[PDB]
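Following the hints, complete the assembly by docking chains B, C, D and E onto the known chain A.
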Amino acid sequence: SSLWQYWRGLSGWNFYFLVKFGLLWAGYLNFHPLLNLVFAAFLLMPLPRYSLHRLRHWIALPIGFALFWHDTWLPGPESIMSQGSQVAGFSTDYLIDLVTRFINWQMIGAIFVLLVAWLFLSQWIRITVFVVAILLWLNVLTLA
Amino acid sequence: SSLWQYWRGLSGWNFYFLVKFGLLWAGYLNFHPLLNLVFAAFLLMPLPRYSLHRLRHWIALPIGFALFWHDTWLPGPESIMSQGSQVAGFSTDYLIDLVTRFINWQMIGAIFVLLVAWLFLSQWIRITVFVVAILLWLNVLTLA
Amino acid sequence: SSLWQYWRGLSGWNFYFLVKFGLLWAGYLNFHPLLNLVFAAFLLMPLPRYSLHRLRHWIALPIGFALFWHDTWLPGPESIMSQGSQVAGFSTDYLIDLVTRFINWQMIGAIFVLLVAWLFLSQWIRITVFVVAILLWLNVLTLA
Amino acid sequence: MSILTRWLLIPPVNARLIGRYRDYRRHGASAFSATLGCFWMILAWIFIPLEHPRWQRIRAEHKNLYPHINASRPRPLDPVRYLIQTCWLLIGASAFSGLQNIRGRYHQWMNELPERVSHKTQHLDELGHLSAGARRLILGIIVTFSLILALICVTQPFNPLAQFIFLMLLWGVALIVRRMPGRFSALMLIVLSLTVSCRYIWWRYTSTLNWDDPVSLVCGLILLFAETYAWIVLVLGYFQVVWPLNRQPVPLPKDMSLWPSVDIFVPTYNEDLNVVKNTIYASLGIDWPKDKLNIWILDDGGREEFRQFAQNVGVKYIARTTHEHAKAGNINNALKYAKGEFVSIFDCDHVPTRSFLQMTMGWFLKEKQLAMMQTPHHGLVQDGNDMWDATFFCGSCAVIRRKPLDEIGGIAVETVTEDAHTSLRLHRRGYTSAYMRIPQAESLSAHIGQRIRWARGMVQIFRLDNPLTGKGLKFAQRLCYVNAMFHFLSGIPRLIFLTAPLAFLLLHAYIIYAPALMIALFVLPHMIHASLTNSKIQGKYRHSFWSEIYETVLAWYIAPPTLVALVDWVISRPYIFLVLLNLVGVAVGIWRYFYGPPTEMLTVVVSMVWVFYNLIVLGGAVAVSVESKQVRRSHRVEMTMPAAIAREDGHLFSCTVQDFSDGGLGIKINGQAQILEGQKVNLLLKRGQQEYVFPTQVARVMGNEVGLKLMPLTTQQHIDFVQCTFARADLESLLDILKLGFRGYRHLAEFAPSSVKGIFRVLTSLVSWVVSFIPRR
Amino acid sequence: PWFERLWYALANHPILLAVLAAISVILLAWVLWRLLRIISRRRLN
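Quick note, the sequences are listed as chains A, B, C, D and E, same order.
For the first sequence, position 53 matches number 55 in my numbering, and the numbering has no gaps at all.
For the second sequence, position 40 matches number 42 in my numbering, and the numbering has no gaps at all.
For the third sequence, position 104 matches number 106 in my numbering, and the numbering has no gaps at all.
For the fourth sequence, position 247 matches number 323 in my numbering, and the numbering has no gaps at all.
For the fifth sequence, position 22 matches number 50 in my numbering, and the numbering has no gaps at all.
To be clear, the hints were calculated from the coordinates, so they are not data collected in a lab.
Note that the Cβ used here is the ideal one computed from N, Cα and C, for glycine as well.
Check each hint, because a few of them may be wrong.
What the hints assert, rightly or not - Here are some chain D residues pointing at chain E (derived, C-beta under 10 Å):
1. 253
2. 319
3. 831
Just chain A, with the same shape it has in the complex:
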């Protein structure tokens, strides 16, 4: 049958994975290739109904956010719940200074440039094929 009509690809999530690739080359990410392959497989799986596809994406957005959190070296949420008393005690200016020290504007600019490049290249190159190929290669290397 025409099951290809239900294989819509990752679409915007491509940029998502592409971002991670950069943070992999930049060393900012603790990569879990199997979880990335699981997420790609779940977002690629064909759901016959359009509403089901939309609901899957809406459910997967929090899951993708949690996976991205797990892929970085940032402190876990429980640490934030424990130290919220210390966080709130600091002044607003202190928090502004700390975050400005944290925000690496080069990575923000790289994100912007990569977003533009992805929007231009989605016309000519199948980004989903390449993203899945890179994920498979990374899993192969991390296994053998």
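Below, chains B, C, D and E alone, put in the same frame as chain A:
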């Protein structure tokens, strides 16, 4: 009447067989060529009746489950049948702990990935030919 | 439309970057490849409405001027209004003499030659692709 | 096999693949090509998102975006073509009113600049206002200053960068100057071209001849002599057409009784009465006093139809008993009987206009020494010649004063070109000739024949009545005639130009001892400026080195008629011999490019281009040789003129005449007219403010295109018809020349001897194969 | 070296030589145009 018209392939069983191959390549399962090939032939037998088809599926599903259980290293069905009283009498928390320890989440992730891969490849290449070829090649290797 | 013909190109800004490339060959530039790539992406961002397109270009003009200020070895603002008092204290004749000494008319002639070449090429050949390729080349060289 | 895909693939995808394969097979593709095509297509689908709306829009206009790739017919290496064309699309280029208006207004202002400058110089009319000694001194210092500056710019040594800057600046100056019209612009461009050519020649003589290896020395000397001869010819041509006279007619006295007697001559030998009827009718229609014009037909065949036609219409008819000296002898024999003070001579095909003699003979009644006056056959060379009193007879459409013509003993008969020799003889006695570029009115085989006879006639004119050693000629006329003779001799320089790149590539000599870039920085300015200045002087709409290639290939073709004077050859051995040398030179050059030292590598590349040029030029000469004998169409001039048609019903249909001939007219009628064949209709033709009605019968109707035929007309009707119809008051080129050379080589492979037929066929095959990958818009 | 002196002086200035050549072209064109107008008047009449 006509027989060859009923050779639709293993269909769903194909995935199951590939699953076993994964557990065969991961070394966590002890593959039996004889019983597996017998099950494949039993599901592949062209039965003219649709009622016979559904009845064979109904008979094979518990038989397939028992075969999968037997291929593992868990205690045999008779032993677990004898010890079911104690197993139900055992604490729920320790049972959950044992279940979690037994379940390697890497295997579940790989199985989900292989499910998606099988669903994708079930639209371009007939998986039946390759699955039966791998089974026959494994038998030939075991013979030598 | 849906196929996003809103990738209108850099047009005049092309020459802009060309000039910088020439000034990169002349060594008068403290070049910032990342900011140039971000600026090129911002100018190349596909915007459907023409009013927002004009608004984007109009805000980009002072941003481009400030970027050219930053990429040159000419001094930052603080020095500019620190020496503005001395410039005001100097005679008009001294200002004219300093102006006549400051301009290297050879580079002005070269810039005019580049302008004529850019007009002819834009008549014949899309230079936006070449400019973008050279920008990624500079970024790749700087990164590695 | 279908079984393999059937077992391997699911039936839907198997069916789609089989459908694609069969679709490729039916369109003439082989099985291997078809399979490769399906492989490439599935790769394209897996990599490139061909389902995206952008790619749908790319696919829908595939034919326009990929003209040389057939979508329905795969062929191996098609992905190479796809990649090349995609790269070209990536590289090539795909408030308008204000910018266009500003630009156009800028050219228009620059174009009207000469008029404003002339007006401003008119109000300060003014050297000219100083004494003779002061004028001489001021002009002398002015000329010496200008010439010393020019000499300094001629003899100035530069490095590559300064040289290139100088060339760019001078090329830009020439480009600006060319746009502005006027004779001052022409003179400025001429001076620029002279300066650049002198610079090039100075550099070649001072820095490029190799004095170490004698073979290279000899080759360089021959090539430099050829370049010097070409430069001399170019300078002489510049001088000939430096200042066209642009003569205007001086009106005749208003009293018609003071007008002279003219005798019109129409000499014919084999032309049909259809051709001569138009000429004689139009001659009778010329505005002139009847008692002051007499028409003569000089038929060498004695056709009785001509006699009856002349007697019916009244024009004089005279035949010859003997036919010595052809047309010149015929005119000389007729001149014993004419009694007018002027003799006009017309070719059979040339139609005389009514306003001919009135516009022409004012100069005759004004200037006493004017023994000749010439009107254009269809240029700018004659206008320049008239400045130097060197306009020569072209055999027709000219008026000669009778007394000077009889003084030299009639038309010269010692040369094939009797016209030019008669002009020479008129000039040698001190008489003047004129030329008016005012309209008064084919097959390229006749063009080549007439060029041949012109060359031979100039050869014999030099042989018998040598202008250089002759008496009675002013210097400018000698320069004009010598320039014509030189231009008819340009075969040896072209042979040297063809052979020299082989003298480098085969013998490994250094005929021109200089770095390749230096070579390009002294030579390309020369041809660029020469072409630009010649384009300005001629004023042609199409003007380029390509156009110049065109006359060089149509002048290399008559190399051996002119050389013998002192179709057949282009296929003979001594020609394909040269082509084969130029061909092996290319392979040897590829060998030098890969296996020779890198230090000389660029030089080899240069010779490549040179040889390529030769390969075009030779390929041109064969091509015309076969296209000369291929034209089949006849006289058909399509011009728009509002005629009227009235039916038998009297319904007035204004129409436009598409084509016309003595047999009838084919016209275009505006609107829907139900005109039936055989219906007697009235055709109203417009002659100025007069309207003349000719009754016609409709013979053919093609929709709005209606053909009408004439019933037997009368003498006055015939004259009116001829007056209203004939005697009216009336990067791409590089590609075209490439096609011309290619078609010449293809014909050479078709018609050469077999031993070289095979080689040329193979060469054409690989040339087409190589061109098959070229990107296209 | 009297003549190598000028070549050394103007060697590095193609702009100046281009301007001088343009001036010489315009000047010589003016004198030639005057002469040719004189000859044209002498021949037309």
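Right, here's what the structure says about each hint:
no.	hint	result
1	253	holds (9 Å)
2	319	holds (4 Å)
3	831	violated (54 Å)
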